[PDB]
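**Student:** Next come the chains, spelled out residue by residue.
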Amino acid sequence: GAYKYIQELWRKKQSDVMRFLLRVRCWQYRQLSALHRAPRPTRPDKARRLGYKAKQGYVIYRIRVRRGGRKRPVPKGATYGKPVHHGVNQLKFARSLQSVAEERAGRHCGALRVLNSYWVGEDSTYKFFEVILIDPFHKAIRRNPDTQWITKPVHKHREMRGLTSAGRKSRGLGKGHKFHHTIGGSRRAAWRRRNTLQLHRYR
Amino acid sequence: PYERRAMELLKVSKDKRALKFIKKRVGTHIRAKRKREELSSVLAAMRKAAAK
Amino acid sequence: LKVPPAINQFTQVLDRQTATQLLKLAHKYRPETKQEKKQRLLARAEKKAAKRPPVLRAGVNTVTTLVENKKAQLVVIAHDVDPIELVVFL
Amino acid sequence: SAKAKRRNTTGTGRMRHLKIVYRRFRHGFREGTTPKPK
Amino acid sequence: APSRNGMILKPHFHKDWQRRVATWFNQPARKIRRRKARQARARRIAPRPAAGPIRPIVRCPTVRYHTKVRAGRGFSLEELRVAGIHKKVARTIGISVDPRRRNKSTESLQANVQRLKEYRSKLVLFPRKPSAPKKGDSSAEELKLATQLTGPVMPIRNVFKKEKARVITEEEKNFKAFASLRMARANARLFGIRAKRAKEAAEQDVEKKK
RNA sequence: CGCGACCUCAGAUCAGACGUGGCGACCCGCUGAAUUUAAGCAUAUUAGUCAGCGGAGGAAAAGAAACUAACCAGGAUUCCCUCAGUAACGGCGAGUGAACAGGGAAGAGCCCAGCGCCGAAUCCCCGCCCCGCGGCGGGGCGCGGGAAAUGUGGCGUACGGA
RNA sequence: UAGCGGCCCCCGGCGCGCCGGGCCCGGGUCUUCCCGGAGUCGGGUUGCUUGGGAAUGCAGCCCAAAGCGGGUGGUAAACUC
Ligand SMILES: [Mg+2]
Ligand SMILES: [Mg+2]
Ligand SMILES: [Mg+2]
Ligand SMILES: [Mg+2]
Ligand SMILES: [Mg+2]
Ligand SMILES: [Mg+2]
Ligand SMILES: [Mg+2]
Ligand SMILES: [Mg+2]
Ligand SMILES: [Mg+2]
Ligand SMILES: [Mg+2]
Ligand SMILES: [Mg+2]
Ligand SMILES: [Mg+2]
Ligand SMILES: [Mg+2]
Ligand SMILES: [Mg+2]
Ligand SMILES: [Mg+2]
Ligand SMILES: [Mg+2]
Ligand SMILES: [Mg+2]
Ligand SMILES: [Mg+2]
Ligand SMILES: [Mg+2]
Ligand SMILES: [Mg+2]
Ligand SMILES: [Mg+2]
Ligand SMILES: [Mg+2]
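Just so you know, the protein sequences line up as chains N, i, G, j and L, in that order. First residue of the first sequence: 2, per PDB author numbering; consecutive thereafter. First residue of the second sequence: 52, per PDB author numbering; consecutive thereafter. Per PDB author numbering: the third sequence = residues 127 to 176, 184 to 223. First residue of the fourth sequence: 50, per PDB author numbering; consecutive thereafter. First residue of the fifth sequence: 2, per PDB author numbering; consecutive thereafter.
Among these hints, one or two may not hold up.
DSS-like, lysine-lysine: derived pairs with alpha carbons at most 30 Å apart [stated by the list, open to error]:
hint	chain 1	residue 1	chain 2	residue 2
1	G	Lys174	G	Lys160
2	i	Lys75	N	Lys179
3	N	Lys13	i	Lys65
4	i	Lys74	N	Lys14
5	i	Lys84	N	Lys13
6	i	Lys86	N	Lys14
7	L	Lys16	N	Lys93
8	N	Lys54	G	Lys164
9	N	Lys47	G	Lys128
10	G	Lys128	N	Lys13
11	N	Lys140	G	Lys163
12	i	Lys103	G	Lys203
Simulated from the structure, these hints should not be mistaken for laboratory data.
Please construct the entire structure, taking both the sequences and the accompanying hints into account.
**Tutor:** Structure (structure tokens):
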């Protein structure tokens, strides 16, 4: 099946041919606007692996992200305080740029509902992404029981709570000795549980 | 391109610096080793085609 | 730009006169329209009351599987698909 | 300013719709019917 | 400011602890809400066993505890395969399952098999449709006697075998424990070097001799 | 040139739909201080805390192993007791500080893509007719209209399977 | 107020008898075939954070893989089971 061929091809990203195609895309998108709807998927494989289904009610939004770190938002240097917290320029934001992209699209298209994302290309200044969105009221989705879990009102704005593939990684959850701080629901609830006194009746 | 260049080193018989070069880019010894043996075998295929 | 040969190859295209003959052939072995489908199944219902011929085969995944199966003698392709990665290897 | 919060909240005003929603919930949001006349 | 004598100690009352205190005046009511939900469940699923499905015998890990026995997750796939039960049906009559478990020891696998056999014997199975009893079903007396089993079904009791008063041979008198111990620890420790010095001495002897 | 397929992109008070704010005790994701302690202070501590911003539910989040172990082995998650003020971190000063095994509450497991078989066997909407209609559905009929080979449905998913 | 005390309305709850549709699936045996998710793992490097100390986790830049393969086995490394 061709898709398996497609897969190892897109893994051959260093090859001269793939390099050429991505190079042309990156030029093309740089000249287009920073956020717009693609009519069909750029990567059919990535979409099928992730969940995309050639049916009504699926949309794909291309978005351009500016690259680099996070300098502290402050007037001059003048971070008033101690020389420990003087640090400011070479600081790095905890979440990726990929989740940032997802966040911006989801907030713009509020009615829609964010499934997942994949990479397409990059310059120095910019990365590029393809965000898969869904309409939760078209009957194609409502009646199909595999998908009607998204229609439920809990999953509003998933990207904002970090339940997307990117959001799960920032939470630091995992099994084993490498992921002890999250035991419990999250990093926050761990701290709560360890730093509470249980004053009993009987003591 | 790096694989091509490491091949040209295997042609000029500098197997240690070629290994060094791969280890420098890719990192570990095992991955570099298995990649090197593959590149030697394809050069063997060139030896076969020149033979027959 | 300096275009690599594996893409340049699509510029070599089939001539007008031979292509018309190809379409002349497929016109004989066209797949059935929807309305004829209801009427053939209706006649088949009559068959129920009382072998498919060869046809074209569509879809890349179909084509390639039955290429591995070495059944197809002739493979036609379109030159102007928007992401080329689909067909390149074929 | 928690005191500023309490100066301006839901309990304060009418809540002319919201107080009666509590009442409708009390009877499971019954609708369109009536009882039988005498 | 320490006067003459005490335990030097580091108490952790620097964080804002008086905020996050969990008081336990709930307790008695919580006990009741559990008790009520348990009685209502047993009232719902009336004749099925209250505790749930039977769970298998398992050896404990860690040198400390490996004498004990517990309940596990569920019966293994080999125990089922060998007793001759489709796993999904086994699922349906209230038998605990977990597939992930391996089975290295023969005594465990085999004893778990025995345990299922007694269960499979005792089980009083009802028809799907009452009108037509089937082959794999229970008799009318059995349906009459069916009733809830209170408590954990087939309780795990750790038995100990009694050894009668033996006569001691003088050989048994002779055997030397302590020496055998310190000796065996030493051979295990030094095992690798005996081979290293042996390879070096044989390799040097062969090059020097030949 | 003119006409016709597609592709890409606009405008419509187009026909039908949805978002937009509030509350914010409890929850989730970010950003993120100093008073103060050390008899001083600058690393540490205070603290991933107050304050700022966004998003939710009657609960949320979590979750069915890229696991623990290294014993004759255990077997999703969540919560309680104990392991423990321990192993470890630290101007080795001040102080900080877990987990696994064990006994308990509750106890339920599953699904795609792919790889492959099947005349696309799939779907949505209009129109017409019958029933029912205060959680807008069941059925029958249209050379009625589109979606879909850049892959729709059935079987089936690592416990192997056809 | 007590009482397995009474009466009257609405809503639900388990049962029974019948209509109009859909679903036509299994248990074993032997023979032949089939089987996996990349800018992701991993490495160097910087800064924060964590009890994690030749770097526990997270992120940014740069490099950039494999298929009897890969990760883990709490002191870096090579060989090895
Ligand atoms: Mg942070
Ligand atoms: Mg004293
Ligand atoms: Mg209970
Ligand atoms: Mg309108
Ligand atoms: Mg609100
Ligand atoms: Mg001080
Ligand atoms: Mg002072
Ligand atoms: Mg001072
Ligand atoms: Mg800190
Ligand atoms: Mg701390
Ligand atoms: Mg609500
Ligand atoms: Mg949830
Ligand atoms: Mg989760
Ligand atoms: Mg999981
Ligand atoms: Mg453990
Ligand atoms: Mg499934
Ligand atoms: Mg399915
Ligand atoms: Mg599929
Ligand atoms: Mg009374
Ligand atoms: Mg720190
Ligand atoms: Mg990362
Ligand atoms: Mg260690």
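**Student:** Within 30 Å, alpha carbon to alpha carbon, are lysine 128/G and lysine 13/N?
**Tutor:** At roughly 19 Å apart (the allowed maximum being 30 Å), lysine 13/N and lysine 128/G satisfy the hint.
**Student:** Within 30 Å, alpha carbon to alpha carbon, are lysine 140/N and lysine 163/G?
**Tutor:** holds (27 Å)
**Student:** Keeping to a limit of 30 Å between CA atoms, is the pair of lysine 75/i and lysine 179/N held or broken?
**Tutor:** holds (28 Å)
**Student:** Tell me if the straight-line CA distance from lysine 16/L to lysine 93/N falls inside 30 Å.
**Tutor:** Distance of about 29 Å is within 30 Å: holds.
**Student:** Straight-line Cα separation of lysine 74/i and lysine 14/N no greater than 30 Å?
**Tutor:** With a Cα-Cα distance of about 21 Å, the restraint between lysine 74/i and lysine 14/N holds, given a limit of 30 Å.
**Student:** Starting from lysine 13/N, check that the Cα of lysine 65/i is at most 30 Å away, please.
**Tutor:** holds (28 Å)
**Student:** For a C-alpha distance cap of 30 Å, please report whether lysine 54/N and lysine 164/G respect it.
**Tutor:** holds (28 Å)
**Student:** Are the Cα positions of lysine 86/i and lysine 14/N separated by 30 Å at most?
**Tutor:** With Cα atoms ~18 Å apart, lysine 86/i and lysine 14/N stay inside 30 Å; holds.
**Student:** Just to be careful, I want the Cα atoms of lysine 84/i and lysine 13/N compared with a cutoff of 30 Å; is the pair within it?
**Tutor:** Holds. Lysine 84/i to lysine 13/N sits at ~20 Å (cutoff 30 Å).
**Student:** Compare the distance between the alpha carbons of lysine 174/G and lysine 160/G with 30 Å, and conclude whether the hinted pair is satisfied.
**Tutor:** Holds: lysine 174/G and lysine 160/G sit about 20 Å apart, inside 30 Å.
**Student:** Is the Cα-Cα distance between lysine 47/N and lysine 128/G 30 Å or less?
**Tutor:** holds (29 Å)
**Student:** Taken at face value, is the distance from the CA of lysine 203/G to the CA of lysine 103/i at most 30 Å?
**Tutor:** Holds, because 29 Å separates the two Cα atoms, which is no more than 30 Å.
Hint violations for this structure: none, all hints satisfied.
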